[PDB]
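*Asks:* Chain by chain, the residues:
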Amino acid sequence: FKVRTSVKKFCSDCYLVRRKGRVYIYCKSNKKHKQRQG
Amino acid sequence: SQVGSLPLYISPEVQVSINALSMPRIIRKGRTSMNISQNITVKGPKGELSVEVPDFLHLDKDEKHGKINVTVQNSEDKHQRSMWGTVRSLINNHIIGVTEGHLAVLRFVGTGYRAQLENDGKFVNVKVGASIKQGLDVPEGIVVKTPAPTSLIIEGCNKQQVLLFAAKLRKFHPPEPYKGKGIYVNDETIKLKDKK
Amino acid sequence: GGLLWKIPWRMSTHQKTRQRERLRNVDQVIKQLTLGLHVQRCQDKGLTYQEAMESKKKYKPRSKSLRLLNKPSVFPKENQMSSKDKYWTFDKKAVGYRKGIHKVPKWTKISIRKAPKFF
Amino acid sequence: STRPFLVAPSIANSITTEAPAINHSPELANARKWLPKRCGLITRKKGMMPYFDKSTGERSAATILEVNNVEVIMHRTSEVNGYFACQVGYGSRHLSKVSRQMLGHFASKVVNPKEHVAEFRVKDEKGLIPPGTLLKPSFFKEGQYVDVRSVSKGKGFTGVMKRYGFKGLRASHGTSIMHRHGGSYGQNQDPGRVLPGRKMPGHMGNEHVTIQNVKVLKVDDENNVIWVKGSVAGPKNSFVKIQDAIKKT
Amino acid sequence: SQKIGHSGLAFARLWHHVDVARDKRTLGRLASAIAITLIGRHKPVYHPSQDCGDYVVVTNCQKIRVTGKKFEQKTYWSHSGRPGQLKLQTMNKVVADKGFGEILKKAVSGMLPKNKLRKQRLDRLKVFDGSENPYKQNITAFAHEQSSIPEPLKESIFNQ
RNA sequence: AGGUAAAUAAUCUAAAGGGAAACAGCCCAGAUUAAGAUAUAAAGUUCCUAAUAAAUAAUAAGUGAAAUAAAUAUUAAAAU
RNA sequence: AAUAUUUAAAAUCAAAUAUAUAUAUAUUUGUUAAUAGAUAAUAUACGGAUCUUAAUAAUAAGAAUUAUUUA
RNA sequence: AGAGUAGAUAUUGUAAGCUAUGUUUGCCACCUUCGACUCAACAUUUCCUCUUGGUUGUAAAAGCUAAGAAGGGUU
RNA sequence: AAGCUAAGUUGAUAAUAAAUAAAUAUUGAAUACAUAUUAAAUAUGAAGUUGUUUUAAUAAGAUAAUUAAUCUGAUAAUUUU
Ligand SMILES: [Mg+2]
Ligand SMILES: [Mg+2]
Ligand SMILES: [Mg+2]
Ligand SMILES: [Mg+2]
Ligand SMILES: [Mg+2]
Ligand SMILES: [Mg+2]
Ligand SMILES: [Mg+2]
Ligand SMILES: [Mg+2]
Ligand SMILES: [Mg+2]
Ligand SMILES: [Mg+2]
Ligand SMILES: [Mg+2]
Ligand SMILES: [Mg+2]
Ligand SMILES: [Mg+2]
Ligand SMILES: [Mg+2]
Ligand SMILES: [Mg+2]
Ligand SMILES: [Mg+2]
Ligand SMILES: [Mg+2]
Ligand SMILES: [Mg+2]
Ligand SMILES: [Mg+2]
Ligand SMILES: [Mg+2]
Ligand SMILES: [Mg+2]
Ligand SMILES: [Zn+2]
Numbered sequence: 056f057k058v059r060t061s062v063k064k065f066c067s068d069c070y071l072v073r074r075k076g077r078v079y080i081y082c083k084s085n086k087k088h089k090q091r092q093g
Numbered sequence: 017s018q019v020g021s022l023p024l025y026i027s028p029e030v031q032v033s034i035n036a037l038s039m040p041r042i043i044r045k046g047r048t049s050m051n052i053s054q055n056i057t058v059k060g061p062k063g064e065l066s067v068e069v070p071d072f073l074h075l076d077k078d079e080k081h082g083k084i085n086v087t088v089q090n091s092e093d094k095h096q097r098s099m100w101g102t103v104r105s106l107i108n109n110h111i112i113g114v115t116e117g118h119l120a121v122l123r124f125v126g127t128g129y130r131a132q133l134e135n136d137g138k139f140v141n142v143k144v145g146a147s148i149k150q151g152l153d154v155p156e157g158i159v160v161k162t163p164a165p166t167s168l169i170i171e172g173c174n175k176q177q178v179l180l181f182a183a184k185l186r187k188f189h190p191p192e193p194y195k196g197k198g199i200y201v202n203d204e205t206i207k208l209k210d211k212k
Numbered sequence: 013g014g015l016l017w018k019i020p021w022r023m024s025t026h027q028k029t030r031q032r033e034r035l036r037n038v039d040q041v042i043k044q045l046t047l048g049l050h051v052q053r054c055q056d057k058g059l060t061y062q063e064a065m066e067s068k069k070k071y072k073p074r075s076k077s078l079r080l081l082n083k084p085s086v087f088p089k090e091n092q093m094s095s096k097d098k099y100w101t102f103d104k105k106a107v108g109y110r111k112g113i114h115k116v117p118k119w120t121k122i123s124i125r126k127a128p129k130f131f
Numbered sequence: 021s022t023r024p025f026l027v028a029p030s031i032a033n034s035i036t037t038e039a040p041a042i043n044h045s046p047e048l049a050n051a052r053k054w055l056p057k058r059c060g061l062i063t064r065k066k067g068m069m070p071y072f073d074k075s076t077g078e079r080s081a082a083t084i085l086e087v088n089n090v091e092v093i094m095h096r097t098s099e100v101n102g103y104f105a106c107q108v109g110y111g112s113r114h115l116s117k118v119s120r121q122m123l124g125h126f127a128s129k130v131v132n133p134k135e136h137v138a139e140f141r142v143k144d145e146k147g148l149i150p151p152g153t154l155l156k157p158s159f160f161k162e163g164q165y166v167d168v169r170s171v172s173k174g175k176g177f178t179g180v181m182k183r184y185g186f187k188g189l190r191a192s193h194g195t196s197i198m199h200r201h202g203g204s205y206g207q208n209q210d211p212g213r214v215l216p217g218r219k220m221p222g223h224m225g226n227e228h229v230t231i232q233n234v235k236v237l238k239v240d241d242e243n244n245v246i247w248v249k250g251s252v253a254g255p256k257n258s259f260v261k262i263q264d265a266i267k268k269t
Numbered sequence: 002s003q004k005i006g007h008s009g010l011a012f013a014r015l016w017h018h019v020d021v022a023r024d025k026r027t028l029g030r031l032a033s034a035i036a037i038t039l040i041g042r043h044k045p046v047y048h049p050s051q052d053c054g055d056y057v058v059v060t061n062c063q064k065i066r067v068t069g070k071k072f073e074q075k076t077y078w079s080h081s082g083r084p085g086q087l088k089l090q091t092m093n094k095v096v097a098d099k100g101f102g103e104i105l106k107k108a109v110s111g112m113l114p115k116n117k118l119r120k121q122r123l124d125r126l127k128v129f130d131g132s133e134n135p136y137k138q139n140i141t142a143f144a145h146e147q148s149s150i151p152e153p154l155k156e157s158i159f160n161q
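Protein chains in written order, with the authors' numbering: chain 0, 56 to 93; chain F, 17 to 212; chain c, 13 to 131; chain C, 21 to 269; chain H, 2 to 161.
Simulated from the structure, these hints should not be mistaken for laboratory data. It cannot be assumed that every hint is accurate.
Computed list of chain C residues with no C-beta within reach of chain H, every gap over 10 Å [unchecked claim]:
(1) 35
(2) 36
(3) 38
(4) 42
(5) 71
(6) 101
(7) 154
(8) 189
(9) 198
(10) 241
(11) 255
Now the in silico label distances, taken between C-beta atoms and shown as ranges [to be verified]:
(12) 141 (chain F) x 89 (chain H): 27 to 37 Å
(13) 94 (chain F) x 26 (chain H): 54 to 64 Å
(14) 24 (chain H) x 41 (chain C): 18 to 28 Å
(15) 12 (chain H) x 41 (chain C): 53 to 63 Å
Keeping only pairs whose Cα atoms sit at most 16 Å apart, straight-line, the calculated EDC-like set for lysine to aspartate or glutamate is [as the list claims (entries may be wrong)]:
(16) 75 (chain 0) x 73 (chain H)
(17) 45 (chain F) x 73 (chain H)
(18) 64 (chain H) x 38 (chain C)
(19) 99 (chain H) x 162 (chain C)
(20) 86 (chain 0) x 192 (chain F)
(21) 143 (chain C) x 47 (chain C)
Positions of the beta carbon are idealized from the N, C-alpha and C atoms, including for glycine.
Work out the full structure: start from the sequences and follow the hints.
*Replies:* Right, dumping it as structure tokens:
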């Protein structure tokens, strides 16, 4: 997980999710693309 | 909306009823609310199981062609519309389970990676690289069977429950990338890394 | 800023209503001033007070300041005024180039209707 | 015939609903508690002496806890008292010493005027012993573990060195008039006060002390004593509770 | 002249029931309503110098309304004085410990005026999580109300 | 910079009273002595605390509720 | 539905006022929100309590927030 | 931007941009003692211990980096 | 010698349990796909939290006695646990 203020989806296989009052970006292909909005 | 509008086909052996609950409960959001009153049931050959559902939703049972429909009092209400697509899908899943039955194959991959029915079906012992013994009890409704040691099958009427159980079983050892090695639920895949 | 001048950045509902009332009062005062002048001019020409009050053609004030006040482009009425100009002054050093009118000193007495065209 | 009474509609027409159970109830607390499944017995710490294990040859210091007229006076129950416990009484006392009220209580419970009374809390109603019975050292098995409560030796008004193991100031190198003192007792102004529980000189000892998991070395009903491995809090002739160890089995 | 007469009834401490299951107010609004009653502002004979407020029995307090997510967010604080001993409990935790009645009591306490009579006023509030309570028999009642209530219920209440 | 230097106005200085939780300088308003019926100012009107009812929208974050924290990010919403 | 901007009453339209007046001229007014970003040391700190409403069911509650208003 | 055998975002992150802190060196002028010993209390921006995400740069083992975490400990 | 002591001796580092954090899932719409839910349902998850354990305080409750040839205390004496 890259925890950061800015949370953009990198590849096409990335998908944005809204859980626990935080924007997560998970990804099905590349595991490096996992991000979390703060 | 697009899901909930799709009509559900029923075979004569299965019966989709609906009726009010004994003690209706109300889900209270911040602004909106949602009163769970009705209780849909899907009785069939393999078993019977139910869905507790809001008041705004209601069925529309047709005698001709075995179709039944589901509709809400206000489709323009967002929460209702969201519920509608869920409930229809749930009752479809139930129909499928009672008539055919839901299935979940777990294939174990690794040297000495295998499952075993320990308590005459009531406890799936799983041996997946651990000094301590691992496993968990099968829930009510779920029936487990092992064609091979390295290939377990979970079977049930509830699609939710079986696939949850399968996921729990997997969680002891999910597939590693370096060697495709672990517990694979149904058609599960993994991109294997180069060895180097 | 160790001393605490605890003044809120915006006004309450009740404050805004009072401001509106004050704005309305100044417009009323202006109207009365113009009306009295008109009445006086009618009397000079030779009508009674009642006749002057009735008169269709109301006389506009000849003095400059009064005439400017009458114009809504220069001095707008409360009903004419924008929501923003009732409750926000122009302040070039503020962010947004705007500041609450309540932050102006003696805002209850001092009048300030017209802000710049795009600020 | 009937008495005059008026009743409010609001209280009469109120739909009946049971209150939810609260954590700070007695019954919830009882359920939470870590308790022994069996009663205990009061003893006196008579002294201390060596116990030689005859197989191995190992020597162990053992305290001799004497068991005299130990008797279940009465017991308490959840429905009446909020918990299950056995009121045990030890020894024999004169009439002269005992209060009239206490004598009457003992007569009611049908025991002799007692030297020391104490409760022994238990998990269930099964753990309660029938009242009036005599508890002997054979209650406990040899090799079993027991918890041991008693009031410790009184040490009097002690300093922070003895109380809390404070290092104190140096013996030489200029040290003036404060060799055994606690040094600083606070902080300049932010606290502006010595904060509660600041370790200071005060009275020490003469407080209760549970000692957990002590091994019952030896039991004999002939001499009326329980041998117990190691130390027990308090002086000689001090009353000592003994119950099964909750931690060790 | 207006003051002269028998004042005993005016200063009588009445007992006010409130079935929380029936009442549709939220917690804080209910607490505020109670506070007035407890003070005695409702009655015209009131004076600030004299405590002359009524008893308030609250019942079925488990069914109290709380808006938003305050039941799992709202934190009740406490502090002895020794630093590092700030005790912060969420509303649900407080309820689990004591009840919904404790929560109501806290609100009512905060509503009340901060002086020597505050504690007395707080004491007069009698809150109950469920229905059954000892003060059932002493809530204010009238003979004209009796026809509304069925026959055996009254007897059962009296027995209780 | 609660800094420094002057320009204009006000207050404090030498100004009590109401408001701004508390407050030299801010918002009202100038105590000759009382009285307490009527108009009120600024500021307020669930309770603490003197006094309130409405309308139409928006928020669901306790955001906020008398001391507004930025670039940027995400999710919506309108208009083209 | 999709792509890409803008978040605007300058223009434009709508509504209102004033001059000849069923029209013209001049003036005035009307164009997003939420969350994250967010952060230290005696103790929660809107001044405090507390405030987002709910049919059955009340002679009865339903912001006490923000914005535009009324009595 | 640029390093990272290839790929800016595993790890690294020039100069310029937007903030927080009041831990340093200053500035202001309302206001006229460093270290050691002793006992420490508090914070968390976590050094160790517990849980977890990422790591063509996680095979294993050692690491590196990030999220939760102040219970205990930290010559 | 007693006592007091640590260089000495003995014990404890307080479980089971419950709800959680980051994180990991199930079914599943809103949004024909997807999505662990900032939807309804259903699960995992920490030396942390609640507790548990220990000490001190308090005294709801309980047993008994109730104007006393020896009711319950205190003053007094001999003392130390
Ligand atoms: Mg020394
Ligand atoms: Mg000396
Ligand atoms: Mg200065
Ligand atoms: Mg002077
Ligand atoms: Mg003054
Ligand atoms: Mg002057
Ligand atoms: Mg004067
Ligand atoms: Mg807030
Ligand atoms: Mg504030
Ligand atoms: Mg225009
Ligand atoms: Mg604070
Ligand atoms: Mg306030
Ligand atoms: Mg490069
Ligand atoms: Mg730089
Ligand atoms: Mg400083
Ligand atoms: Mg941290
Ligand atoms: Mg490794
Ligand atoms: Mg703990
Ligand atoms: Mg789906
Ligand atoms: Mg899915
Ligand atoms: Mg744990
Ligand atoms: Zn990706």
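*Asks:* Each hint should be assessed against the structure and marked as holding or not.
*Replies:* Hint check:
Listed as a non-interface residue, residue 35 (chain C) fails to keep its Cβ farther than 10 Å from every Cβ of chain H; the least gap is roughly 6 Å. At the 10 Å boundary, the C-beta of residue 36 (chain C) falls inside the reach of chain H, the nearest C-beta of that chain being 5 Å off. For residue 38 (chain C), the requirement that its beta carbon stay farther than 10 Å from each beta carbon of chain H is not met, with the minimum near 5 Å. Non-interface status of residue 42 (chain C) relative to chain H is broken: a Cβ of that chain comes within 10 Å, the nearest being about 6 Å off.
The Cβ of residue 71 (chain C) lies farther than 10 Å from every Cβ of chain H, with a closest approach of about 45 Å, so its non-interface assignment holds. Residue-level check passed: residue 101 (chain C) sits 21 Å from the nearest beta carbon of chain H, beyond 10 Å. Even its closest Cβ contact with chain H, about 43 Å, leaves residue 154 (chain C) beyond 10 Å, as expected for a residue assigned away from the interface. Distance check on residue 189 (chain C): its Cβ is at least 27 Å (rounded) from any Cβ of chain H, clearing the 10 Å threshold; non-interface status holds.
Even its closest Cβ contact with chain H, about 26 Å, leaves residue 198 (chain C) beyond 10 Å, as expected for a residue assigned away from the interface. The claim that residue 241 (chain C) is not at the interface with chain H holds, since no C-beta of that chain comes within 10 Å of its own (minimum 48 Å). Residue placement check: residue 255 (chain C) keeps its beta carbon more than 10 Å from all beta carbons of chain H (closest about 34 Å). At roughly 44 Å, the beta carbons of residue 141 (chain F) and residue 89 (chain H) sit outside the given window of 27 to 37 Å.
A beta carbon spacing of about 29 Å between residue 94 (chain F) and residue 26 (chain H) contradicts the range 54 to 64 Å that was offered as a hint. Between residue 24 (chain H) and residue 41 (chain C), the C-beta spacing of about 24 Å keeps the proposed range 18 to 28 Å intact. At roughly 40 Å, the beta carbons of residue 12 (chain H) and residue 41 (chain C) sit outside the given window of 53 to 63 Å. Under the criterion of a C-alpha separation no larger than 16 Å, the hint pairing residue 75 (chain 0) with residue 73 (chain H) is consistent with the structure, at around 14 Å.
At most 16 Å may separate the alpha-carbon atoms for a hinted pair to count; residue 45 (chain F) and residue 73 (chain H) meet this at roughly 13 Å. This hinted pair checks out: residue 64 (chain H) and residue 38 (chain C) have alpha carbons roughly 11 Å apart, not beyond 16 Å. Using a Cα cut-off of 16 Å, the hinted pair residue 99 (chain H) and residue 162 (chain C) is violated, with the two alpha carbons roughly 45 Å apart. Straight-line distance between C-alpha atoms of residue 86 (chain 0) and residue 192 (chain F) comes to about 13 Å, which keeps the hinted pair within the 16 Å bound.
In summary, the hint linking residue 143 (chain C) to residue 47 (chain C) is supported, as the alpha carbons are separated by about 12 Å, within the 16 Å threshold.
In this structure, the hints that do not hold are numbers 1, 2, 3, 4, 12, 13, 15 and 19, in rising order.
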